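We begin with a single chain expressed as structure tokens, specifically the form deposited without this ligand.
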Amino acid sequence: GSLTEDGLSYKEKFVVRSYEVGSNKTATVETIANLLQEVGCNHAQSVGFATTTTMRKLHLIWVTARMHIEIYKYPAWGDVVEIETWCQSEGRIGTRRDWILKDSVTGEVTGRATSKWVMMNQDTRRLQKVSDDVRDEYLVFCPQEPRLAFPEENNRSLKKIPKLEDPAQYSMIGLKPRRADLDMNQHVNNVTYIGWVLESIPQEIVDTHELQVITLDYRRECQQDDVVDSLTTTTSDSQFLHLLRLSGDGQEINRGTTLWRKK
């Protein structure tokens, strides 16, 4: 992959692997989400990083608060997918990363994504909010005019997600992270939560529908010693409301929505 001519975005091509595809011989949403993280990490490396010099000094990190993915066409096993990604300042509230997924052969948009990231202290886990010093540092790597993957005035990526009420229609209890679910820093990586949400979707919807939209809120991180319950209720195309909480006390870790289209 490489930075585009202007140096304000990054593009990478990915050949879809045999083990990255699901039952319908196309890339899973867990595979797409890994590719979005991979192209994001590579964009950061190519511009000198995801923390800045004064972020390392204050022990500050960027953490995902929201992830929103919309897939029109999943790439098949063997196909080449092109992903373009860019960052954008969103005032002192945080930062945004956006993605555009394309078929490398036809040049057609097959998917798009957006994510909200906020600043927190690595040690106390407290939201410190963006400062002017840590704004000019990476503003030089972002387009100045707004560049939104989801431009539309009041789109799905900015919708308020409510809290699922008990009893849930569907559930998947006792979900636990394994060593393969952790990153190089030993934290549960964000893709694991997406798979945990989708575990409570009934197999009949998985077999007759394809996932088109997924919005996820990140409230709290799951530790290696924590256990997760995945809850789902139909609210309708088929639409679901999702909740991830700790098996024990019921502490919320995530909430979300999924939209599914008939095959």
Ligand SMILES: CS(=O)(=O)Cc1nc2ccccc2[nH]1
Contents of the next structure:
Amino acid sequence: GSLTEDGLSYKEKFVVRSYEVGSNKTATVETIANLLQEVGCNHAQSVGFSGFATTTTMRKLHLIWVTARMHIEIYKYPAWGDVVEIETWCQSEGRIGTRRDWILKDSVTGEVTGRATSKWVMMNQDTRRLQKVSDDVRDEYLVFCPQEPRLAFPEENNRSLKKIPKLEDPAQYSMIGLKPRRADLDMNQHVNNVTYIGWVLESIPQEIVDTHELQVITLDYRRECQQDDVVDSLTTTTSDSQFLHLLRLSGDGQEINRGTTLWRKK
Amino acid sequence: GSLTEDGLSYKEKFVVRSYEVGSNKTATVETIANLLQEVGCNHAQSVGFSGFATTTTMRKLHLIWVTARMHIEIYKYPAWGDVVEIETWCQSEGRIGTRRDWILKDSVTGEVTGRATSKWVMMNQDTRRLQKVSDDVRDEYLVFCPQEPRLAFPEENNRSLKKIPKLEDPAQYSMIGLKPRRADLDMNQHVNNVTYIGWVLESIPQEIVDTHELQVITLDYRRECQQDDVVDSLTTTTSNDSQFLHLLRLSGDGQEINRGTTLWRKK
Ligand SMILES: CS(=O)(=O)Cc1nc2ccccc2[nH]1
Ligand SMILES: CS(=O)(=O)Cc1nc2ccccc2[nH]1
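Alternative state: the form deposited with this ligand bound, after the form deposited without this ligand:
Full assembly next; the chain just shown is listed first.
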């Protein structure tokens, strides 16, 4: 991997692994999500940051970057043995936080096979309180981002910025009692954000998975699943096939995630 | 990746990923297991086989290669960003089946940081019945294996060939109600063999994990966990070092799926 000529974006190639593919022998959306996360960490390393991509000033204030929303759109999933190239860049969206974008390409043809966007906020790692981005912290990141707007999703009022509603009981489909295992944790012992995508998809029936391909997934992150927590995954068809998703703690029903998926007939 | 000069073994390098490491910021044993599986799959591809590594004759008879035992010994876990190089080769052990071995090295120093061995059997994929390797099928593989014995574990009576006993109730520690999710399945919709290693380790207390490093793991594969099965993971201490006896069984009737042992060293 490497920063591009201007040093304002990062590129990396990946060869799709045998354990990374589904029944179609093409990379799963969780593998795609893990590769986006990997190129994001490598971009942070290449410029001196750090998976919290922190400055020494944020480390002193116990401040970290946390994902608020992830949106992924796949046109063609890379097959087993194929090389996929991913370009990524960050951009501030005012005091709200930062946006990280990705573009996925086929290394052979050069065609865009997918794109992603994510919204991040600044949080005190202990109090879990959002303190919003200050000027002296903002200025430390501005030299690693382009000044002109560079958007993976430029269309006005696109799918990535749509408001997601709360699923109402009874759900059409459900997957109950989901628990994370040690392989679901990251290096800081927190549940990896990709696990939540997997948990959302657990409530999609096998008939949909076998006859359709996932085109779009949008996920909101509200609360973390704290290791010894149990998750319920709820899904209702809202339609192509569209679904509304809800992740909640098995006990009291506290919301952890809300999302939507769009699927195309094979 | 590539076959070595003699075409009798395969080598591949891997850069350790951020999501592949644990709390020590070094590759987990499940990441190591996935990388062993990947270089095994790439060795099969490089010579014409197709993750069952079958010949057209085995495909006609509905025969597959299935793991009976996996044994991994790690001296140093590769850190995040490090390149690890893995060499792998197969060798027949008569009509019983074949053995796949691995040697893990640090690409910078060249020192062996780990090694692994596995025993595989031929099974009919429909009836699940085992049968001895026929001479016509055996001959198809002989040209891709060395003739002289080449062992990752040559030792007189090494840990890789020790018989594992059945854990007796009550277990000291347990992790109940484990279920696989879609990411735990392979391309043929079966539970990936690496998931079982993860399930065994789920019953090790967090105090052991935080104060020790896993040195050896030996796992026997007896029965598959199907998509809709639920697993109970049982562990009892059997011991400077800490040793454990492990059992994976179906939550309901208590049918055994795996039995294993781990050895851990103080940090
Ligand atoms: C919310 S974030 O994307 O983790 C913050 C960030 N902004 C960056 C700019 C360049 C390199 C790494 C960067 N990490
Ligand atoms: C049970 S096994 O070891 O997966 C069968 C096998 N034996 C091989 C020899 C060379 C290349 C691939 C090979 N696959």
